[PDB]
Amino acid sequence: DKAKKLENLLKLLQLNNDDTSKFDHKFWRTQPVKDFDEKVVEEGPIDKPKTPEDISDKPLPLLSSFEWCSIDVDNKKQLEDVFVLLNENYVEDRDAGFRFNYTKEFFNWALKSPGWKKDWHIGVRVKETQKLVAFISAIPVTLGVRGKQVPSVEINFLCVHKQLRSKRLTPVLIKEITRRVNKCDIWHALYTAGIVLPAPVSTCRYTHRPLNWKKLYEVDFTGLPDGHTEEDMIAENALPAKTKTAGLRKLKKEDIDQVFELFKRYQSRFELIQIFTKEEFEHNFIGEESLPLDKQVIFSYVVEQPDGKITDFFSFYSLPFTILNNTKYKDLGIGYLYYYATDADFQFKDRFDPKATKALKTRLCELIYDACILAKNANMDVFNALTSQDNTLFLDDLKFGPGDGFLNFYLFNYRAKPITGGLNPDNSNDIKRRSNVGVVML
């Protein structure tokens, strides 16, 4: 009642002409989640503490015709099954012009994270045919939620085949993967969606830096502004071929220890983060051995000083679209800004000091300017960033356009207060406060 009131208001805040994928609440009403009207007095779990023994080993009943299944990443045939199911179904509109293009290379990187368990890469198949019709994945991480060590799981890649959509099969998937994670002494999750569900702990906005404006326009992924020319836009978004900041090079393995310190030192300013083990850190920021440029997933760069000191670190991952109804172009290169760290504001006591901000800003501008060059050179056509972290320092100056897509962050079975998503009351970039959202989901 005051739940629906505040939900409609939340939906109105986020109203737009769904860009990409975007889908009274009988399922979540029965779930360990913050409700909209609920003010949080103290942060912590929602359910009374439990043990694996209160949770059964028998998987939840599916309707007649279906069956569960693990997916072994390493098993080509099975892996392929996932990205076929995704690519064909992961975009609402069938004739939208674009399709997701999840590669084997990509899921090998994302789904094989330290502690990954094939039983957490869940699927559903038709009994008779063995057709994979639904998928959800879980991966282990300890989250940092305002100083508190939360041992949790990251749910991503929920997908249900379009032909049997709206069949309340999503609850079953969720319950079942909750079951499998509860049965291993994990009681929380971090999930993000573009859709508004009961527990938005945060909200950020997608933005786009054009790297190849001409192609972007020819594919209808960007507009031609009023009183402006095609050439004008080309000229406006023109990037140099070579990066500008001295010291810049790829992230070698030998850098892990020095970077990992700089990263958790830097990251420890945000209220919601993932606490990285040197193991999982190394896995995220160095991809499969020698992939070609059109298959490489994670791009990580560092700034080495003459004396060998590592000062800065930024990363980005590729996730291409397939472009359908278009004679000139078959696909669209998409870079996403990932995790980064810099020591440029370290010699300052307060993050929000006008001087500490000025310093951090002109550095982030330098680094992310180069990230763009690098991405363009990696043959990407557009560069996405999320108003999260300290992103709001450079988004505008670096010609990151406003993008009509919102990302809400959620915590399962845990209540936390609103965390700055880098947005103002009116959805413009909060350049004064920036964001305390430290995690970057896929």
The other form holds:
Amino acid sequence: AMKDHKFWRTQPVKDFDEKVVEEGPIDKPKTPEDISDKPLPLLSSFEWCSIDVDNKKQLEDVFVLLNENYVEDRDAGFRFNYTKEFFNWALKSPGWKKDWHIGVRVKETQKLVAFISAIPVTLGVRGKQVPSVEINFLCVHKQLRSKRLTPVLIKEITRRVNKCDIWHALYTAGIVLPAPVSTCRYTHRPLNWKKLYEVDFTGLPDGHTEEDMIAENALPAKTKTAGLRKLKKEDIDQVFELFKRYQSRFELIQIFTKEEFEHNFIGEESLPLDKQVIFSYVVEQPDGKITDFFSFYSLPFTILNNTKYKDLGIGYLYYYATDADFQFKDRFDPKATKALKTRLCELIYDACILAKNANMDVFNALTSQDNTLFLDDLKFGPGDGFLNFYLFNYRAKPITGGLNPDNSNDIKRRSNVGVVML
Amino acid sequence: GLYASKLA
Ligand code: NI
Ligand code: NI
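Form deposited without its partner chain done, so how does the form deposited with its partner chain bound look?
Let us now look at the entire complex, which starts with that chain.
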């Protein structure tokens, strides 16, 4: 765990158990010109390539690979089900480039075999602004693994970014790597219960029998909060200052511009609900005031472990904000937490409703932010996965990830991880 | 990250 890292042993990363006293860049300053203007050396038969999301075929290949090779053989029937919609949303954040959506195609077969994505973001690390990139969607074909190509991809994506004068990045990973800045856990709230035990994504306790299952997970068919409308372009100016105001409590965050805020929460118009990705909602008051906002996105799995099904609806809790405790000076005040807690339970309660209504079968959260105030209550069941947050070329003191030493939620201090990854 | 996770 601590020394089994050939590649990361050479990278600008915080090392295991490092007592960071002064936060900041790791490497000594460099400039884009003292950076190779030519891609790294690939296996003799392989070749590099960019991915134009606007290109039907090019993007078509990407999700095929990710749908076939994203699961790592612990079959329960699942295969991710990335859609063109999903990636059109995820890969076209303001500032994106085809260069940055890198892949590897075999010189002759032209079949894409590897992929890794980078999109520009400004990060807030304990008040310091850090021009960065966000890395995600790293994937290699199953008959090309354990052959150490990933580090090549990581070196090639870094080069291309460095060549644009961007020297840092935030990436998340399950596996433990040199320097997590924080760790959070995945909790899952069932919506189409029966359908889950059916597909094996949920266990069934003998002494709480199937009947009681569905009976407990039950949920209204319509929301319950006054003014619960839905996000519209007109709301932006206002919801952005509310979101900004609320996110200031965290130590790690993405400093959205109104453009990336807009792009992020208002997706493509005219998309069947059978193909929508982002769901942003907002609470307005007679006053005309927006005081709440929350969002979740959709990423389903294809199926094979069930005869009646072939799909599984999954929703993830994204960003949200409220003005409950804006009256209090200290976030952790006993009463300040009073407000904030009930509201989030309300909002998230409706978010679960909108989710099943949108056809999701299970809602996923991550102990990050204050999802800990409502996770257990609204009954989100803690799962196998854990996520680690990393900062490339940046030294920062550990950030509370919403976990207690025994992996139990920490209703106490909650979390300071303000970002949420796709 | 990855996602769906599991539990028993
Ligand atoms: Ni290790
Ligand atoms: Ni856009």
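For the two forms, the rigid core is made up of the largest set of C-alpha atoms that agree within 1.5 Å on superposition. Positions refer to the first chain, counted from 1. Only residues modelled in both forms are compared.
Participant: Where does the C-alpha shift reach 2 Å or more between the two forms among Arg94, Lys278, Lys309, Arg265, given a fit on the rigid core?
Facilitator: The residue that shifts is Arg94.
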